[PDB]
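*Asks:* For this one, chain K is given, so just place chains c, T, R, b, a and o with the ligands on it according to the hints.
Given next are the chains, with one letter for each unit.
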Amino acid sequence: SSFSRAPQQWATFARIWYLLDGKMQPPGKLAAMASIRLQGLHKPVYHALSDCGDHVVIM
Amino acid sequence: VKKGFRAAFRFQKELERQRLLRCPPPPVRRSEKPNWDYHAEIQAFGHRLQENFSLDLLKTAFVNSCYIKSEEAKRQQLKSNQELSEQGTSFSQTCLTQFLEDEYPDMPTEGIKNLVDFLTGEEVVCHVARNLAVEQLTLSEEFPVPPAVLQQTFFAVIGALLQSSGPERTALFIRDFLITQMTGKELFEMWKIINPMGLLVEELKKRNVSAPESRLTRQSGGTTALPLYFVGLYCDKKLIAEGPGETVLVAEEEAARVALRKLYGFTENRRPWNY
Amino acid sequence: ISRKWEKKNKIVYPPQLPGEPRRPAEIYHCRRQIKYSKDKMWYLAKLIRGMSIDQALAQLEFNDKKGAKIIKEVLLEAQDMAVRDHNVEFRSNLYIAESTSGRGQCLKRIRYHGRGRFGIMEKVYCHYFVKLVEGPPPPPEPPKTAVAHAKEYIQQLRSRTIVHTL
Amino acid sequence: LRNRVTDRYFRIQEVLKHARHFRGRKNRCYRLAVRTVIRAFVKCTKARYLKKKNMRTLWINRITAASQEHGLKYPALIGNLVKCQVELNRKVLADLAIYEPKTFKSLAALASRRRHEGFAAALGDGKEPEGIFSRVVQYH
Amino acid sequence: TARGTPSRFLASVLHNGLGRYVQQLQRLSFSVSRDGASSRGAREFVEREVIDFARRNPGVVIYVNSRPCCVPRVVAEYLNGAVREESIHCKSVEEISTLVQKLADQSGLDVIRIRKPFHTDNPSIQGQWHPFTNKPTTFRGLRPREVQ
Amino acid sequence: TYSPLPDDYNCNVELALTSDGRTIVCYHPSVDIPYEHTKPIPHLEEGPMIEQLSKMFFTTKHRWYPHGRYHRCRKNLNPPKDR
Amino acid sequence: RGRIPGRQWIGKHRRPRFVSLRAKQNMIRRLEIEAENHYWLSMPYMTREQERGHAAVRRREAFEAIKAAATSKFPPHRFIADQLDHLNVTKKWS
Ligand SMILES: [Mg+2]
Ligand SMILES: [Mg+2]
Ligand SMILES: [Mg+2]
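Residue numbers (the authors' numbering), protein chains in the order written: chain K, 2 to 60; chain c, 31 to 107, 119 to 316; chain T, 47 to 212; chain R, 10 to 149; chain b, 2 to 149; chain a, 35 to 76, 102 to 142; chain o, 9 to 102.
Simulated from the structure, these hints should not be mistaken for lab results.
Any given hint could be a false lead.
What follows is a list of derived Cβ distance ranges for each label pair [what the hints assert, rightly or not]: (1) b:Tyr22 <-> R:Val101: 49 to 57 Å; (2) c:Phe41 <-> R:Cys38: 17 to 25 Å; (3) o:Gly14 <-> K:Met34: 40 to 48 Å; (4) b:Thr99 <-> K:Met34: 53 to 61 Å; (5) c:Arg210 <-> b:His120: 52 to 60 Å; (6) c:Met231 <-> K:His56: 34 to 42 Å; (7) a:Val59 <-> c:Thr288: 53 to 61 Å; (8) T:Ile166 <-> b:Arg9: 48 to 56 Å.
In silico BS3-like pairs for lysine-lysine, Cα to Cα no more than 25 Å straight-line [said to hold, decoys possible]: (9) T:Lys81 <-> c:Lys43; (10) c:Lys279 <-> R:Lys111; (11) a:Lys134 <-> R:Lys26; (12) T:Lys81 <-> T:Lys92; (13) T:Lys197 <-> a:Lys134; (14) b:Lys136 <-> R:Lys82; (15) R:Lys26 <-> R:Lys55; (16) R:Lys111 <-> b:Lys136; (17) a:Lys73 <-> T:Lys197; (18) T:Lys169 <-> T:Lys111; (19) b:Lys136 <-> K:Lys30; (20) a:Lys73 <-> c:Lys279; (21) b:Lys136 <-> R:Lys55; (22) T:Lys53 <-> T:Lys177; (23) R:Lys61 <-> b:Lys117; (24) T:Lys81 <-> T:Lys154; (25) T:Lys112 <-> T:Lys177; (26) c:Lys43 <-> c:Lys32; (27) T:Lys86 <-> T:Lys177; (28) T:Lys197 <-> c:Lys233; (29) R:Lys35 <-> a:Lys140; (30) b:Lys92 <-> c:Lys43; (31) a:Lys140 <-> b:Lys117; (32) c:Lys99 <-> c:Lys120; (33) a:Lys120 <-> T:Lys190; (34) b:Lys117 <-> R:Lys100; (35) c:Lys226 <-> b:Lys136; (36) a:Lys140 <-> c:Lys233; (37) c:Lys226 <-> a:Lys140; (38) R:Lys60 <-> b:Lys136; (39) c:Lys233 <-> c:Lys154; (40) o:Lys99 <-> b:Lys92.
A virtual CB, placed ideally from N, CA and C, is assigned to each residue, including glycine.
Next up, chain K with everything else stripped away, as it sits in the complex:
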C-alpha cells in the first residue's frame, strides 16, 4: 500500500460514474446490473450503513 490514511480511505469509498447504452436491451437486465451497482454491492467493502453507492448513466 504505502498510502496515507485520509487519501487511501478517500480512494476506497470514492464514487465512480458508469455508462450504459440501451440500444436493443431489456429494461430488466440493465436494471438488474444497475441496481447492484447503485448500492455498491460490487464493492467488496459494501455495508448498508456506509453510503458507498456509485452513479450510473443510461443512454
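*Replies:* Positioned in the frame of chain K, the structure of chains c, T, R, b, a and o with the ligands alone reads:
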C-alpha cells in the same frame, strides 16, 4: 419515618458518589493518597520492568532538582538527576540512530534524526512513562508534573540503568518499548515535510536518474464536486509511484510521497522489526 | 421548598491575578409568588433571552401584557442592585444569560358546575428567575452556510471507514 | 406497619439505570420502563442469530462481488475451493479480497482452472489423466 | 446492553506483546479486619496464598490495612491508574485465589463491549482495494465515447 | 500460452505446485501502467442553498436540514480511533 | 382483489399450493437412500433360532445392576468434621 438504617447508609454512599461526580476534588500524588510505601514501591517497580540495581542510583534518578528547592524551602520555613538524564538521553539518541540507520541505510541523516527527536519528545516519552507509573514515583513541586520534568526523569532512569546493567540491556529496553510505538504511525505523520516533489527531484538527482513527470493515469468525478485523480510519476517512461488525491495537485504530492517511502524503504509492506 | 437562587449571590471567588483574563461579573435575582401562570411569562422569558437589557426594557413595556409589568420591575431593581453593592461599572453594558420561570405554592378551590358536580380550580403562583452578566451580549450564531454544509459532509465521507473487516 | 422494604429506591434505579437512553416518559417513570426493558433485553438475545445470519450473508455479497469483478460467481467459486481442498471460511475469503485482490485473483484463477478440469472430467470421467489441481490428498 | 454501554476498539497497553512482558497489575490494597465473620476467607487467604502470591509476582506490590470493616474489600489499580474495586464479602479461599489470579492476569482497561475481537496495526499488504484495481486502462488514455 | 484470466489489468499471475503436489504457490507482480495509457496534465437563503448543494453533491435535501438538540447531545464527542 | 375464503390452509377452499423441482429433488433423495437402506437390512446374518439365547446373560446382569442401583438409596453420611467446621466462622487473629 419507616424503620431501618441499612438503606439510608448505602444512600449516603450514593449521595457522596454524586457529589464526587458533580464537584470532584483535584487529583494529587499517589504518595499523598493512602496505602503507600516509598522504598517498597521503587523495589516492586524495579521487579515489574525486570531491572535490578542499587537503590542509590534509582533514587538519584527519580529525584528532581525542583523538589529539592521546595524541600529546603519548607525546612527553613538531595542529589539531582541532571547527570543521569544527560547520559541517558545521550546514549538513547546514538542507539536509536544506530538501529534505525542499520535497518534503513537509505534514510538521510536529517530526516532520520527528526524521527529520533520525535520519539524522544515530550508527548511520546511522557505517554510511555505515564503508562509505566513513573509519574507516581517521580516527585516535584507542582502536580500534575510538567512534561519536560517527567521527560528528564525518564532518561534519568535510562542513565541509571546504563551504569548498572550495561549498554546491551539498556539497548534492549529502549529498542523494545519505543519502536513498538513507532509501528503505528507512518513517516509523514510525525515527520511532516514541505515541497515533497521538490525533495523528490533532489533525491533522484543524488540517485542519478532523470527528472520525472506527473501524469494522471485514471480519473473520476472531475466536474463533480468530488474530484479523483490517480497521478503517477514516471522517469524514462518507467513508473516508480502512484498516488490518489482530491485534485491533481493533491494526487501529485501524494504520488511524490509514495515514491519517498519506497525510496527510503519505509513502505507499509516492509519487514517488521525482528526480536 | 428551595431557595438556592438567593444563595448563588453569596459566593466569593478568590482574588484574580493582574496578568489574566478579566472575568465577567455575574449576578442573580428573582421574584417569588407572583400572580401569573408559569407558561405565560415563559414566552416573555423566551423573548428577552439573548439580547441587551435596555433594548429589552423597550419590548416588554410596550408589550400589552400583565407579566411584563411584573418582570420589568424585577429587571431594573436588579440593575440598580448590581451597581450599588456588586461593583458593576455600567448599568447598561451587561446581558441577561438565563431567564426562566417555575411553579409556586399553588392554591386549590372549587368551581361549581351544573348538576351538582364540582371542579377543582387551581390558582397559580410562580417564581421568576433572571441572571445578569456584565460585558456586551454575545452575537447570534448565524445559520451555517454552504461551506459548513460541504465541509461537514466531506468530513463525514472522510471519517467513515470499513466495518466488520480486518 | 412492621416490615417494609427500605431499598425499593435502589432495585428500581438499577432498572432505570439501564433505561436512561430510552425516549419519552419511559426513562423517567418505572412501569413504562419495565415493559420495554425486558423487551429490549429479549431482542438482544435472539439478535445474535440475526448478527450471525446478517454478517454471514453479508460476506456472501462481498465474495460474490469480488468474483464478478474477476469474472466468476460465488456458487462456482466455493465449489472449486472445497474441490481443491482449501478450508477458508467466508470471513477470510471476503477479507482477503479487501486487502489483496492480487491474492483473490489467484484464488479466482485457481477456481476457474478447476472448473475446466471438472468439465474435462464431465466429458470423460475416467480413462484420462486426472486434473493436476483436482488431485486429492489421502489422510489415514 | 451494547447501545447503553460504551464500546472501544481492541488495544493493548503500550504493546506489551513484542517486547518484554510486564505484569500490568500495579498494586493490590486488601481491606480486612480483626473481626467480622465475613473476613474468614480474606484472612485465611492472607495466611496461605498472599505470601506465595508475592513470591510468584515480585513486580506487583501489595498492601493490607487490617482495620475494622463490616465488609472486607479489595482494591486494585493498574499502570494506567484505572481503579477497579470488587467485593470479597463472604467468599471462599478458593474463589478469592482465582479472583486475585485473574486480576493479576488482566490489564488496566475497563471491561466493556469490544467493537471487534482483534486489532491489526498494518492490515494492508499488496495495496487495499480501490475501484480501479480490477479493470484495465485505455489506449491513449481515453474515456468511453471521446474522440480526442 | 493458455491463461485462465487476462493478465493485463491487475497482475501477471501464474500458479505452481511443488513436485510432490502438496502445496500451491503463486507469483503475481503488479502490472506497469504504460506511458501510452495516460494523458498529459493541463448571499442566498435556505431554499436556493439547500437545493443547489444537493444538485452539487448528488444527494437529497433531507439530511441537510438541522437536527434537534436531542440528537446533537447524543453524538459522541470522543469517538475511538483505530490504527 | 385476490382474497380467499377464511383461513389460507383449511376448509372447503384454501390457497392451492403447488410443487417445485427443489422439493421434488429433495424427497426423491430421501426415499432412494431408503432404497439403499432396503437393500442393506435384508440378507440377515443369523437366523431367528440362531440368535435366540446369546445375549440373555448381558440383559440379565445389566438388569441386576439396575436392581443394585435402585436398592442403593439412603441419606448421606454425616460427620463431626463437616458439623464443626461451621464453628470456624469465628476464627480470628490473636
Ligand atoms: Mg383531574
Ligand atoms: Mg448458517
Ligand atoms: Mg381470511
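*Asks:* Next, verify each hint and record whether it holds.
*Replies:* Results of checking the hints against the structure:
| no. | hint | result |
| --- | --- | --- |
| 1 | b:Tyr22 <-> R:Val101: 49 to 57 Å | violated, 29 Å |
| 2 | c:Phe41 <-> R:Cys38: 17 to 25 Å | holds, 21 Å |
| 3 | o:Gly14 <-> K:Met34: 40 to 48 Å | holds, 44 Å |
| 4 | b:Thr99 <-> K:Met34: 53 to 61 Å | holds, 59 Å |
| 5 | c:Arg210 <-> b:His120: 52 to 60 Å | violated, 30 Å |
| 6 | c:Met231 <-> K:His56: 34 to 42 Å | holds, 38 Å |
| 7 | a:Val59 <-> c:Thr288: 53 to 61 Å | violated, 42 Å |
| 8 | T:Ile166 <-> b:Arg9: 48 to 56 Å | holds, 54 Å |
| 9 | T:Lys81 <-> c:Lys43 | violated, 41 Å |
| 10 | c:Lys279 <-> R:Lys111 | holds, 21 Å |
| 11 | a:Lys134 <-> R:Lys26 | holds, 19 Å |
| 12 | T:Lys81 <-> T:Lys92 | holds, 19 Å |
| 13 | T:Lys197 <-> a:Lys134 | holds, 18 Å |
| 14 | b:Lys136 <-> R:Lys82 | holds, 17 Å |
| 15 | R:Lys26 <-> R:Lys55 | holds, 23 Å |
| 16 | R:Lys111 <-> b:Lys136 | holds, 12 Å |
| 17 | a:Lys73 <-> T:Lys197 | violated, 30 Å |
| 18 | T:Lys169 <-> T:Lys111 | holds, 19 Å |
| 19 | b:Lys136 <-> K:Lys30 | holds, 22 Å |
| 20 | a:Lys73 <-> c:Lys279 | holds, 15 Å |
| 21 | b:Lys136 <-> R:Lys55 | violated, 42 Å |
| 22 | T:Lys53 <-> T:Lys177 | holds, 13 Å |
| 23 | R:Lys61 <-> b:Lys117 | holds, 14 Å |
| 24 | T:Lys81 <-> T:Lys154 | holds, 14 Å |
| 25 | T:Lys112 <-> T:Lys177 | holds, 21 Å |
| 26 | c:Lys43 <-> c:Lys32 | holds, 20 Å |
| 27 | T:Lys86 <-> T:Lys177 | holds, 19 Å |
| 28 | T:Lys197 <-> c:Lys233 | holds, 24 Å |
| 29 | R:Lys35 <-> a:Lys140 | violated, 33 Å |
| 30 | b:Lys92 <-> c:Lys43 | holds, 23 Å |
| 31 | a:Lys140 <-> b:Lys117 | holds, 13 Å |
| 32 | c:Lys99 <-> c:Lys120 | holds, 11 Å |
| 33 | a:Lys120 <-> T:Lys190 | holds, 15 Å |
| 34 | b:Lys117 <-> R:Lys100 | holds, 13 Å |
| 35 | c:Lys226 <-> b:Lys136 | violated, 31 Å |
| 36 | a:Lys140 <-> c:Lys233 | holds, 21 Å |
| 37 | c:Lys226 <-> a:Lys140 | holds, 13 Å |
| 38 | R:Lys60 <-> b:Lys136 | violated, 33 Å |
| 39 | c:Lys233 <-> c:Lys154 | holds, 13 Å |
| 40 | o:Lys99 <-> b:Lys92 | holds, 15 Å |
Hints 1, 5, 7, 9, 17, 21, 29, 35 and 38 from the earlier list are contradicted by this structure; the remaining hints agree with it.
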